[PDB]
Amino acid sequence: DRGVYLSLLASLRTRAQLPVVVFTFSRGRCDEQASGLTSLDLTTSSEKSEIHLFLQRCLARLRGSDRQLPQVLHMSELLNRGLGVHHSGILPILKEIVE
Amino acid sequence: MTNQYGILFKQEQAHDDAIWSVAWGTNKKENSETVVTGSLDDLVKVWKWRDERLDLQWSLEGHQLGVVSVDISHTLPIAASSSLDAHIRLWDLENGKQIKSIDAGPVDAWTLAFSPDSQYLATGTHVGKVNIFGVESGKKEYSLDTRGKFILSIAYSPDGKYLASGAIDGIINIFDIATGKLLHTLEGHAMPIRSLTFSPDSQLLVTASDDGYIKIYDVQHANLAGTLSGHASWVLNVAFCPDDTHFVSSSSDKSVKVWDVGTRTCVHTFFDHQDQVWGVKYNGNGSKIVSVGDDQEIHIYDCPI
Amino acid sequence: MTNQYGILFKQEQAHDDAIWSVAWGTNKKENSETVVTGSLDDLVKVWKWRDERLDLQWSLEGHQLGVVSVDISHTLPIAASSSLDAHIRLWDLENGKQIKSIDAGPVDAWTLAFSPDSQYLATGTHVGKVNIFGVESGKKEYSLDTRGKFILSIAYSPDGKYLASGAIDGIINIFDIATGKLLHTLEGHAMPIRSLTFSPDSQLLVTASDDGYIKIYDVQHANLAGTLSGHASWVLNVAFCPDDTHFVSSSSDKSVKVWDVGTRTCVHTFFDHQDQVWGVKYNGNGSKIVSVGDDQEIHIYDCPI
Amino acid sequence: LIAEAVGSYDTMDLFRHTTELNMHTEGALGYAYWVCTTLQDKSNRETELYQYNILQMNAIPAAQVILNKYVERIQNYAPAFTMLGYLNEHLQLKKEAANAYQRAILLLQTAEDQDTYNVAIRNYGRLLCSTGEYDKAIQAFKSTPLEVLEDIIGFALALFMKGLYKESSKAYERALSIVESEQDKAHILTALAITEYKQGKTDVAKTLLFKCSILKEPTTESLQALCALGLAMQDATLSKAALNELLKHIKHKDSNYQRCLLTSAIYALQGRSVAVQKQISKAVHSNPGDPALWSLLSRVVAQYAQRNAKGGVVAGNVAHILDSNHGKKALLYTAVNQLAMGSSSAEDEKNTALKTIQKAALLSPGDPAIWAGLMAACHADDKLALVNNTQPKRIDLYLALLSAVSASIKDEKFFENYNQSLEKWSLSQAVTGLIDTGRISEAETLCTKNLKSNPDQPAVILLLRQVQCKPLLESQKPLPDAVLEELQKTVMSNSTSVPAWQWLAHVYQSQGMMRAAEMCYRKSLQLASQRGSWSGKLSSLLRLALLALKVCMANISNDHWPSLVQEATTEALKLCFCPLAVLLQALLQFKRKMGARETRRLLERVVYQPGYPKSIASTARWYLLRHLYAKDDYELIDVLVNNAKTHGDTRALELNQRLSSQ
Amino acid sequence: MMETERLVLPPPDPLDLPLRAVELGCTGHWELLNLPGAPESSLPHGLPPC
Amino acid sequence: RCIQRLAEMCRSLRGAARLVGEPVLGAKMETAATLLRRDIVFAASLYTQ
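Residue numbers (the deposited numbering), protein chains in the order written: chain P, 550 to 648; chain E, 1 to 305; chain U, 1 to 305; chain H, 903 to 1564; chain Z, 1 to 50; chain R, 1198 to 1246.
With the rest of the complex left out, here is chain P:
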């Protein structure tokens, strides 16, 4: 499946069919390929800057320990490249950022 998704996204980025919504059917399967994909970088420099500005302005309200815990960091790393997850095992504050 790792080669299947990198071949699908390789044939999809060559065209303009980029904003692709993968539907997985179980949250472990949902997070597995998002962890295993691990190198696309589908985002330019200015969009990286805008993503970082928006995500830091929205994330900087809450306190210190609450903004450094595994999901927050891992999801921010994924979003920087331009990949997101939206299953039911994530904090409600991150579903809203992804949407």
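Just so you know, these hints were derived from the structure itself, not from any lab.
For every residue, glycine included, the Cβ atom is placed at its ideal position computed from N, Cα and C.
One or more hints might be untrue.
Said to hold, decoys possible - Partial chain H-side listing against chain U, Cβ under 10 angstroms, derived:
| no. | residue |
| --- | --- |
| 1 | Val1186 |
| 2 | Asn1210 |
| 3 | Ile1223 |
Chain P is already provided as a structure; the job is to place chains E, U, H, Z and R on it using the hints.
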């Protein structure tokens, strides 16, 4: 069934040390939204809440020691501050430059309060009196006298005709500006008061003493309507809502609660500070809260109308 | 010929005032058997067991208030001492030259205990933290944190991945060093603890109480497999011997009792130390016993294996 | 009501619910009655009925508000007033309780005339006596049959408060007549001892307290009074016995702070003055909680044996951390300890003396100590900034602070000696500060106004002398022996004060009387050493050494000043590790027989060993650079250049630049 | 009181530095100021009575 | 999600304990609710304000 409460902004380090007082004034007729805060320094930094965030505007300073109370006025662009330095120098808030300087030591002033029409700037002395200066017009026209102890809190009813003064050891004195004669003295609490506030329409006086209770007295008689007890340490400031339905109280237990006076109960508590909270205020049409704390931070909350 | 426990030594004036901590390290296999004591002065004194007696080597100092706990490390010859101002010193124990002076905040450290490989030097904290300062290389390496009251006494496991920590309220918490996940919480008593000791091949944990009781617990569970009711007054420190046969206990009623695990009865009691005893220890084998009392007398008893 | 009639267990909760709904009158009275009845029973305070309900639902304040509304509504019923008075008494709102009892008295006159009216009278009189107005209390206690223990005791205490000690003694004796519950007999005996003592006549107090001691079981009250009586006397022999007796067989006392204070005071009586701190350290080791003990340790280390400044600062901080309402005293003591320390820190902001003293001043702006601490903090900050040489600040506020100190003292009940000392010290410090800043006229007028109040006291006149003689001797001038003699006479007037003597010797040095200045310094050193003080001794010693070295500096003959320097420096090194003293020895060696080897070795070791102040290191560095230039070694000179570079310097390298190309 | 006078050369050497002794606190801590002037002790009258 | 669905029941029981006549459940349910909601568990929504 309660409203949607939550933070809107969080300044990381406003000053270098504790912040001891805060005043929020939407003074000008246009959209100004000026916040003036004073700390354990000489700095009296003047922030502005512009659209979604606080942008520093002035960093004016002329003091020698820490400022213990600051104030702003709703009619003119002006501010006043007093400190342990024995000076009540009042700034300009437009050019960030000092206007005046009044000499008065810890035996002549502790805390500031402007007039409803921004003319008189009353302060509480050490020997028991309340000294009323004159802004833009000199010094010390007259002082009301109550034969008591050190006086901490000074308040004005926002229609004139009433002045209230709490004291160390608890007793409360209510004067009327019309004649300057003591109407009646409440006996209140058993520990220092250090905060008082009237309500809009000036018929409900809310105290907050040092033992944790919050009496809610009633003006024009001595009837009290109940005691709000929900804190776990001292209470250091009380700010009453523009509409006579809620008020906010900040305690030394690192938590700023918001009560409502109809049923005398606490709707929502904010657990966001990490040290003593020395100052809370509302804004104009009350829908946002400022809370400056002993740890160097300025919190702005969101209390929907 | 039965070899009965004999007094076998007395040192009349070891220190100038009360004595509070005693450590015996048979670190050097040669004739060193260094014993180090801390005695409510700046002075902490190193003694060596030469043939049958204590001959002073050096007394070294620098401490603001009285010293509370000292420890000697097995791996390297090195000592550690903490005082009432929460300030920790490391002694070379070869020249008396104060290799390092680990500082600490107003509330950082109360008592001390080394890691089995002489690496960690675990210590309690007035507000519940169990922060650990790596020896000779690092400062505030990390802090295991819990929610609770004062933490008087610290135990530590010989093999590893266990750390039992008594508290003033009277509860025992044991933390495995592997990850920091509290293994299980032992309710314990309703009075302070003051001492926690493991065993070689650490399978049994002994807790001392402020009610006079002594509790034996099994580390793999919370089995309160014992209860001892011989001491009249408080119990201050309890230590084992290199075999799991019997332990010594040090009451505050001027009596040191030697209890045994096999029958759970007091085989012997000693009568010296007009003032209460604050420390007890066993040498490199079961032979010799060290007791340091509130009175300025060091006692060395004998108890063949 | 039905639940109450059939005697159930959840009637109190039902009344509480009724109180919470809408404030009807009948429920109001029912709830107040139940709260008062629950408070009476003293076997409750572990039950989780008393603890949870009363102390976690704030039952008492709710009952008070309820009764206020009821009483204003009805206002012709006496038990409501008495219940209101009782609850107010538990809230320590004494004035309102007095008003409630007064109204109850008015209601109950012409209906019953029985015990109820008398009980209301005794309660009103007792409470009135509790808060001033003693004459009214006596008058109220007149209008009752003085035939029960309560009324007689209340009368006796009111009489004692107003004065009239003989009357109080007689009243207590009459109350002693009718006594059960021997505990009360012991308490009355202790009260007798206390009240008659204030007349003098201490021996009868002592024997009477022994008579109380002969009772079956001690009471933990008479023993404490006995110890305090011993302390009021001297020669604490019975005091030691009393303390041992108290400790021996009494454990139910649960204060643990009064006992420590008594033990410490006993040790202080013998003038030991170091054991005191050791004993308190033992007590705090025993019970590591109890902030009060930590705070008292900080206070004692600040007062006695002020050489453990670091430990005191830590103890004060710990006392402040473990609670909040001890903020006031703990912050004051840590501020004073930081003042004593000096500047032995990392030059860190937000933790200097000024910051902590300001915090304490904000916490409780009532006591007179904090303001004096503030003046001392301002002066010390000025000197420290001057040493760092950036800017002197906080220039002119001393007069306001002095006015604040005096005004705050005016309202203090009685610590007469302490208040007199505090006011005198504030006056002295304000005058010295004004002299330093440069406001001579204000200092002069202040001194004149103070002297106009009372006939002369030999302290303030010295201050006036100081303000007078500051302008002159500032600019070089020669003074006539008449003025010098008068100043000498004035210092001699008030002796046993090392400052004054040191200042006069400085005056001699300024005009120039070297040997005489040396004699004055020697007298100051002897006085300081005899006092058991420690700072004065070293200060005088180093100052004298400086005097001799500076006078020698001019390359004067009569080579005796170096001998004095040698003796003084040896003594200083004997006491401590004064860096200035060792540098002074090095400078003396360099000046006399400038030489090559011994001087260079001592200077280089001084400027290479760590743990030294910046300024002393710089001075040693500069002199060593000059000596090294004398005995050429360019390598070492470059070594000094790089040593300067790795630090910040302006003058050593600049001189090196000046002298590399002469 | 025996000499009644001292005559000295006040600018003896311009190369060397005058020594200014400033005292900070009661626990021994001295420092050396640069400019010549008065003895300039800190807290001359002693600690404020607590 | 479970904690958010619990803080809405420990506040609807405050409404019934006042109705039955149990003034001791009210003083415990108004504590167990105010002691349960402080942080990112109850962080306010983004597209709400």
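Kindly indicate which numbered hints from before are broken by the structure, ordering the numbers from low to high. Violated: none.
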